[PDB]
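In structure tokens, one chain follows: the form deposited without this ligand.
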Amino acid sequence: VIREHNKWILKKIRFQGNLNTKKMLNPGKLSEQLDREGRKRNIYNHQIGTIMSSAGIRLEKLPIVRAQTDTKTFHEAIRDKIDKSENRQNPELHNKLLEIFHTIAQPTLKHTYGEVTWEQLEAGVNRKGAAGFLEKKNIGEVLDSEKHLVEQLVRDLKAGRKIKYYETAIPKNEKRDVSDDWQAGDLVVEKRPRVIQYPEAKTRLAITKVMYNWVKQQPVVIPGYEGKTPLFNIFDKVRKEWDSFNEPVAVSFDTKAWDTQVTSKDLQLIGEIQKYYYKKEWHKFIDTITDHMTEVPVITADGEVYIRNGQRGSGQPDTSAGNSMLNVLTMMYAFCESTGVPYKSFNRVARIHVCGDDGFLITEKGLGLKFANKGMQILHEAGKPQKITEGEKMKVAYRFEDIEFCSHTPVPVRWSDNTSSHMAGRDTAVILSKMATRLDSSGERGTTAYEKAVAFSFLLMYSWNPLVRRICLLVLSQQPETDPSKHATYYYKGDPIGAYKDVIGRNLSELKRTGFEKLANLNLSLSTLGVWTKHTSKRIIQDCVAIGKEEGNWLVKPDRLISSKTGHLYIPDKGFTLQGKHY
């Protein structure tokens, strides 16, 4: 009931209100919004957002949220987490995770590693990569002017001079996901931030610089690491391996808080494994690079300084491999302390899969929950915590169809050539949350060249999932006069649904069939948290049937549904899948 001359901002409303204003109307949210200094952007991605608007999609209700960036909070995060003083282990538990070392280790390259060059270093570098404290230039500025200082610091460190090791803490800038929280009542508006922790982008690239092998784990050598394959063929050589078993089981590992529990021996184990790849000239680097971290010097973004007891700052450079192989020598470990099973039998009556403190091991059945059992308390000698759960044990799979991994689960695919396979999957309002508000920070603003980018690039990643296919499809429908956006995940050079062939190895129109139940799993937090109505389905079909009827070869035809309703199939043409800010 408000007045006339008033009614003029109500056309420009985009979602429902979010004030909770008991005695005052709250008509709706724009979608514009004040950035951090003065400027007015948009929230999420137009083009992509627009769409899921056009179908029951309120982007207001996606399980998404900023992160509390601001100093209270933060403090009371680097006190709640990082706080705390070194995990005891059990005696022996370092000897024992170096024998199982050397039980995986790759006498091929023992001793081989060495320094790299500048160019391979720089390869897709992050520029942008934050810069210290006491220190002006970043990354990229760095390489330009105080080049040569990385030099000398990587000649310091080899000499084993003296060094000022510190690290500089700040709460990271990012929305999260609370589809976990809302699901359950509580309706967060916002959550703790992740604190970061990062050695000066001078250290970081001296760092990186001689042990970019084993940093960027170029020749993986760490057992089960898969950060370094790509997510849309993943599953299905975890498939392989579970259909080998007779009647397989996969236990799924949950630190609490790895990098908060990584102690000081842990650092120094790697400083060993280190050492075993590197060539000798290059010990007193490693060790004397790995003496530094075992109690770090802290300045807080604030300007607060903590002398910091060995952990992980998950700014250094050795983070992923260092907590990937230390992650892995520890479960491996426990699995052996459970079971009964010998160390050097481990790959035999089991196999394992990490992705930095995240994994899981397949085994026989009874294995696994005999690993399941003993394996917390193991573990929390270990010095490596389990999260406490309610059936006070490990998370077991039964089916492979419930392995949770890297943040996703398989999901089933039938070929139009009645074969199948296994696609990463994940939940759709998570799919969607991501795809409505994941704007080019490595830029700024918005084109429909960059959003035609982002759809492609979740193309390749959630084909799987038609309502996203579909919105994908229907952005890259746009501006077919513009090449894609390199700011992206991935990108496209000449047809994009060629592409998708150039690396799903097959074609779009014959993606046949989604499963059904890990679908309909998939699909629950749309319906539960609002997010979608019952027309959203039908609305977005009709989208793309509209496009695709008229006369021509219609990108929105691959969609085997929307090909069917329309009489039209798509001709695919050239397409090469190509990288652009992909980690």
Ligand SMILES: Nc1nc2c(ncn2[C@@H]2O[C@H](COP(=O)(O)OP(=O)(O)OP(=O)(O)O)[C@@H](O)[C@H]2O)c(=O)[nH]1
Contents of the next structure:
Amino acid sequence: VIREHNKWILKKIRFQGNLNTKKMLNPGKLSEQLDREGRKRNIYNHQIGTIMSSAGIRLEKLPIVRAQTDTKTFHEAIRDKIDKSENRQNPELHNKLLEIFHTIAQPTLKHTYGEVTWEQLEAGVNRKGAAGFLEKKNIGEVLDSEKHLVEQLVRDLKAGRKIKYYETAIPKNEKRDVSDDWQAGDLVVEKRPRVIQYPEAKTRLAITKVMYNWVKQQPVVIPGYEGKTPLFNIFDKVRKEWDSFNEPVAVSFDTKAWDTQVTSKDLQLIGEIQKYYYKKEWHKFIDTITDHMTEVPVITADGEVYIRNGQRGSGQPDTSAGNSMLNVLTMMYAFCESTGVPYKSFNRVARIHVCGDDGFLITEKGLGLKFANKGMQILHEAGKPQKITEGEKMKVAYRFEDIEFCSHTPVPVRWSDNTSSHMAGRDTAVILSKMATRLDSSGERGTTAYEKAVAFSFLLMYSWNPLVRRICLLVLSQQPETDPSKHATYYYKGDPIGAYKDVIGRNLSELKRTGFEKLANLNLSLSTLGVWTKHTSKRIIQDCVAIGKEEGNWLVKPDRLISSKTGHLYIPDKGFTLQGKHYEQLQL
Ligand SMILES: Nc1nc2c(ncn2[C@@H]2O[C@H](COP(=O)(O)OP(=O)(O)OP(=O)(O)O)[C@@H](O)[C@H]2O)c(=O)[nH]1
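Right, and the form solved in complex with this ligand of this protein, after the form deposited without this ligand?
The next block holds the full complex; its first chain is the one shown before.
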């Protein structure tokens, strides 16, 4: 019981309290917070957050917390992962790994790679790209002015000269999924930070500029490199391979802290593979740069300095390519050595998919489990320790939907024309989490021109999720005469629904059904964690109907269920899908 002149505060609570105070009342949390600089910004996306709160969705219950950027733990991070000797690896590992590479190399491109125009390096670049402990300017600023300094770096490197190489190590500030944790007792309030180790935004532009093709894997030369592959159509092509086996089994790759496991010889092996695709003139640039990465001096954000014995530095330009190639080769290596299947014969009995250290392969039940069992040991001595599990063997999948990749598994979808396909699935709880806390930082206070680009982006990815799909449609119904933001993953031109068709291949309205028992599972956590109420679904459905009832062409009617209830369809006008300020150019 609180005093009257104090109840006014209550008009502002928007979430249950988390203080867990025991002798002092803790009414609730407010919708806003305080900037690291004192300002008062929002926690979630307004439009989206509001719609979700309409139904019994409790934003405060979404498995999402921030990472601890404090130095105390930031150091505990370095000490717990990066502080390690290099993994002992069997002798011929790198010879036999190189051997496997040659069985997959394309002679057509051998020694054909060269430098690139500032005009393509500049394409899609994240300008606000870090600076480096001893560097004043960031990417963009370097691009604006010191563009010349970068050209001599390239020269000094091509000539294999002196270069004071070093990396800055800072804890990555970001919100992290804690779904698993909360699903079990551990109600963590925040999670350990990832240490980003990176070159100096000059040395970055220098390396990237000449090695654009390998790094940006334009001609994709890495077996099963799913890196430039949009996520919303990968399982369809993977379903193909699955269906091409008699008793298919999928085995996932689970290296514990990949980056932390790359050896010097691993880095050298990629150096070689790199020299295979680059013209002889650049081979010294590669040797010089590779030589430095074998032992890097690292300056932490607070001043400390450690001499890392070259593992991988997340901020290095060659992380995606390097890690991927190195991953496939090592997995291919392990597989063959476990089954006996000749290196050269891999593609005869197996199909592989890799994205960094993330990936899996598909083979017959026989070979597959022989690999999962003998792979633990073989990989371990190869220097890529697999996460220890109760099963004692690599994670095997006997069902297609049980295939996990890039934090997603295949969700079955039934189209109106009685055909099927699979989309990228994930626990709803998490989709909703990321959809509510993704705030774009084109710094801006965010529009409704950004929340639309986000909803559109989540539409392409999760149309198979009714709840999520409808939330998007509602957001997209707002302010029709205001184009979407380009600061989201994808954005659209013309009609959103028209655009959906553009990349998905089918129209939203043609989406007739979602695997019952798959969707069912992906919604289980929503209750365990009490994220929604037994009326949310109903409510969101009503929210939609309301809008699409009256005669007119409403973009909320592309949802079959809503359509049948309002009796109206939605006739799309053309639309086109596009990326925004990009990471790795997806080839849509
Ligand atoms: N196939 C595919 N995978 C992608 C794509 N974009 C990101 N991924 C992967 O998907 C995983 C999950 O990413 P998300 O949680 O959606 O996005 P995020 O930006 O990495 O995460 P937060 O910003 O912290 O919310 C990532 O770890 C990447 O491996 C894409 O276009 N295609």
